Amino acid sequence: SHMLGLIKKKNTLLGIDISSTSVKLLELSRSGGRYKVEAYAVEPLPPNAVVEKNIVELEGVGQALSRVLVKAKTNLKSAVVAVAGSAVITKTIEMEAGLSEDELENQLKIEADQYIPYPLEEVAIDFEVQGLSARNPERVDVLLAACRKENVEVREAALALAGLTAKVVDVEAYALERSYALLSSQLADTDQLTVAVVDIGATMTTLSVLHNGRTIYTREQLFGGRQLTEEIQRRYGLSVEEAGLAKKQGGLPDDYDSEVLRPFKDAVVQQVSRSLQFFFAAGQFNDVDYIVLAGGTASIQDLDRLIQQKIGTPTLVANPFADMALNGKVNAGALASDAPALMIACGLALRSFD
């Protein structure tokens, strides 16, 4: 009766991106092929509640999660969250064919130890049979992915504090690929291009090269928009909130562009340039067809122009909601201005439709 579809298959999940400085919620639905944004909200975190990709203050995250639900105003209580790909170990091993799912699980629990740095008791294991081994029909190819149990369990607890349940623990790299596939309109078929996605966060910048939809390269750096925030704080005597608000609202003195924003803009360019060079010297690729700017920092005025000017590669700000429709309860202007920072959240929400 598992095959029965006498009842129409009818199951959406919240896209919840937990970063170092904020919590982002996105809810999607679709009618045929066209997607629609049901709900959206962003909540700042208490400082040092989430350092790096690691949750430290559990209650602080839970509170942030609780409040972001209210502003989004949605009914959904199940969500998709993600761990960093840097925290996941992936390995392809071969196993005996003809094993049941339980037998396969038992063997993989015991032998995972042999394929993972982590101690055996602290590991969350995910697996997938790929098919029969090419060499030998007696064996199957098994994909194995592991991370420390702590990473899953801490996010479990964090969502629980907001009454939320993680139906799926995704990997940020996968979420990026899903939302990037929607940029095909904004770009030619995303299915035939080589594209450098530069996610410029607050404290973290990440280059992700995608060829025909699949990630083929990833590099990270401790560079981000907080650098711009801290320089506004220092020059004008503002707190983190005031300075962050000042970026968007633009109420700063005349010397802001030349003394603060442009030097930061240049640091962004140098950062992007070095990362591309690292990628070119890492494989067959000599060039990318496009650079897609992502993260809140990508909304900096004419940052895309500057990168085009200094690098010579077509650059645009990510907007996964270009073709989508909107619920009347969603602010079109707010979403549009925050669009490049919602790539991960959108990709997490797209996991509902896989």
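Definition used throughout: the rigid core is the maximal C-alpha set that superposes within 1.5 Å between two forms. Numbering follows the first chain given and starts at 1. First, how it differs from the form deposited in another entry.
Taking the core as reference between the two forms, the lone member of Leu76, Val260, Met95, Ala157 whose Cα moves by 2 Å or more is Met95. In the core-superposed comparison between the two forms, the C-alpha atom of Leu143 has shifted by at least 2 angstroms. Taking 2 Å as the criterion, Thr194 does not count as shifted between the two forms: its C-alpha moves by less than this amount when the rigid core is aligned.
A movement of the C-alpha atom of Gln233 falling short of 2 angstroms is seen between the two forms when the two forms are aligned on their rigid core.
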The other form holds:
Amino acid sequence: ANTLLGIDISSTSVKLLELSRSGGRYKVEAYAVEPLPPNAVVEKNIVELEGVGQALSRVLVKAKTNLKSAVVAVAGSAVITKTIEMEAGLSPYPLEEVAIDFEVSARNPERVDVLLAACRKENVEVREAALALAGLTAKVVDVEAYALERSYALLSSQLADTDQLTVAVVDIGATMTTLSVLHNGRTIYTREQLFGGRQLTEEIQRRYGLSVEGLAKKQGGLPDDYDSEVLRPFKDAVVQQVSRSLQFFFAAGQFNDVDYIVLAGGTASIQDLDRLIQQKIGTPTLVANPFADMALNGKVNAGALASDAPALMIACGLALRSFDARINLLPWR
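Output block for the form deposited in another entry, input the form deposited in one PDB entry:
Excluded here are partners and other molecules; the one chain stands alone.
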């Protein structure tokens, strides 16, 4: 009966999500999004440990949750995910500094397929330390790619049956944008690039003489030229980026097109951004909403949650580890 907190640590904010399940129905018990100070996390690598710790503490109070066990994930250039084939029934740094986990051929039953995930131990230990500063304990250290898979299964209502489709998921962060293509529920392609919503926010800073503290993108209050000479060129830049990413996937595999394009991240909520992408690609594009078929707790604002929904895809997938191919990069004890 012990559930785990889904905690997504990005470059600009900490996202928490608590899930519960009863009678085959998921339920959002608690959630909160706490902003991180600048340069506290760079490219999903924790730089300022104390800063992340205090943000984790505040996101616990803001979410009003009493849980102390959490699921976190690692990502970046220090994280590897592969699929290796080897004989059945066997008995970045020197392995001594690498955290390794494995999980058990389709064509041939003489050999065996094994999923492999690895990273430097430092990336695990620091995240354990960050949780410790908030009084939290890591039960599962996962990989963001697999977390995206679990949250993707919750999008069957928004799409048919996700187990038969080829869907390109575009997670647009602030500094990083990730294209993940899922075939029949499993990831077959992944490509991260240095591009995100920071390009838009900074443009609003230098042109209208505003500070970094982002607020104008949500509430508004910008002059009438913003829609034409600022937001539109940025949306076109996002379109070109997504278009370029898809062309790389098509040239890498046997696929020439995808069935759907799912947008994730905070930047995915921009008005008609899904339409501009759908216009260019010619493929049905929708904003991710993993809370469509879920019940809701009383202390959770339905409106605020709906706005943050596509940005909570990673945090949602991490929280789904509370209920039973799974990876844990934590050392066995």
